[PDB]
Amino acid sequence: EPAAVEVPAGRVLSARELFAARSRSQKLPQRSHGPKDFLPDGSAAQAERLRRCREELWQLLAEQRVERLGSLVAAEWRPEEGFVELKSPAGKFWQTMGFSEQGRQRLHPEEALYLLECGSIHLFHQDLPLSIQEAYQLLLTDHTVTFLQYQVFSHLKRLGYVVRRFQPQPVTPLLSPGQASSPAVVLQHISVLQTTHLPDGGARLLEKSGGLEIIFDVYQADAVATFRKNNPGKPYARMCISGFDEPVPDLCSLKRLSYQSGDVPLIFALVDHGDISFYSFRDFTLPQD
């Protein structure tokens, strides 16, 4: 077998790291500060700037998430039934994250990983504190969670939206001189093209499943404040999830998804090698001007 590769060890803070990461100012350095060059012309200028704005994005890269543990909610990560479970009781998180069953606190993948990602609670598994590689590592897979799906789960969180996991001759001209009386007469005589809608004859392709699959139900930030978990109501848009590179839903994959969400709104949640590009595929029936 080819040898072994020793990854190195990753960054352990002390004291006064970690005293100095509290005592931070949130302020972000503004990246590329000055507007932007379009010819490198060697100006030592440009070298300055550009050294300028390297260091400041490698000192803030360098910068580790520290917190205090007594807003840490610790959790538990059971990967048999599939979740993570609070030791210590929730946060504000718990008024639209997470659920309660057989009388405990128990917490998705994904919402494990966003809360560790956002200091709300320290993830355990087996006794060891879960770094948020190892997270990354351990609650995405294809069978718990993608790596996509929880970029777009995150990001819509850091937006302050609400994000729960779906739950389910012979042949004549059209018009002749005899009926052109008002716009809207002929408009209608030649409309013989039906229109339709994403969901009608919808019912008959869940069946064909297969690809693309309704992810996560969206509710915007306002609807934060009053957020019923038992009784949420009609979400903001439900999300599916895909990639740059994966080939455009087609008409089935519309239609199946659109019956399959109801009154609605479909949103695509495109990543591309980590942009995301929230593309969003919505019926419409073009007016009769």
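For the two forms, the rigid core is made up of the largest set of C-alpha atoms that agree within 1.5 Å on superposition. Residue numbers count along the first chain shown, from 1. Compared with the form deposited in another entry:
Comparing C-alpha positions between the two forms after a rigid core fit, one residue in 185, 74, 159, 118 moves 2 angstroms or more. It is 185. Superposition on the rigid core between the two forms places the CA atom of residue 101 less than 2 Å from its counterpart. Comparing the forms between the two forms on their rigid core, the Cα displacement of residue 207 reaches 2 Å or more.
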The other form holds:
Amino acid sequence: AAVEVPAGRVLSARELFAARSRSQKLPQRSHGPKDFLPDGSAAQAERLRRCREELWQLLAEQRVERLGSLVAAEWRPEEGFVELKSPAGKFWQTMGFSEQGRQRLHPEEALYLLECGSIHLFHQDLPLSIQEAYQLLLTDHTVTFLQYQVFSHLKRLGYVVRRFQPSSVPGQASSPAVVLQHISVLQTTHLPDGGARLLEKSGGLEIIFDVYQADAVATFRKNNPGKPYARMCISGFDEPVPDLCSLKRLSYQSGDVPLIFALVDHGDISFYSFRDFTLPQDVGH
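Starting from the form deposited in one PDB entry above, please write out the structure of the form deposited in another entry.
A single chain, with no partners or molecules, comes next.
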């Protein structure tokens, strides 16, 4: 058959003013330290009831904004971008691209700005909810869900995340008193030394974003950005760890910038970074 899905709470006029004169103070997560055994009489129950009643009020909160602080946008799904209907604001110094005389955004930038309350996204003359925006923009043709999660996580801390355009790149050893025995026969290769021909298997993991530190936000040149801070590849926590061939390929591609891996474990983001290492042995001690 077909199931009916009722949804949405329409904030009234009086419920938008109360949501505009809101606070900014985050409620404390656990009111004190955590317990060990679940056997209690009233302390456990009361503290749990409090911790739960604060949560069920924190989540039932809507975004309310002014109609003049909102940059009206429009999602064009055949060209694959969101085209602004007004001059952008402060986010135009690190986000967006201008082509053919109009200001344009990628889908993930548009979604991130919709969550932060920066743009007022539309589609077929009707504004997109955050549910419908999550549904429309987060396909596999445009940008996935794990990639948007990592992009948003980094952007909410003040980084500059830019799509990676592939065109961007008595302790002796023996009795004799001698020095520097040098018994080594094993030579130490490097990471990119031999990865120009390892690119022939172009498939699997690939660089996605370019990340700039939070310092560089103030003087970010969007047409001559410079060498970034790190390049980012995005996986899931159950996908396999990259082999040495994939490591050498991504390192050769990235070039001189360090490479970072963003794992997403059912909603938890964890960043690792494989870096080549060689230590000039020891001294005379």
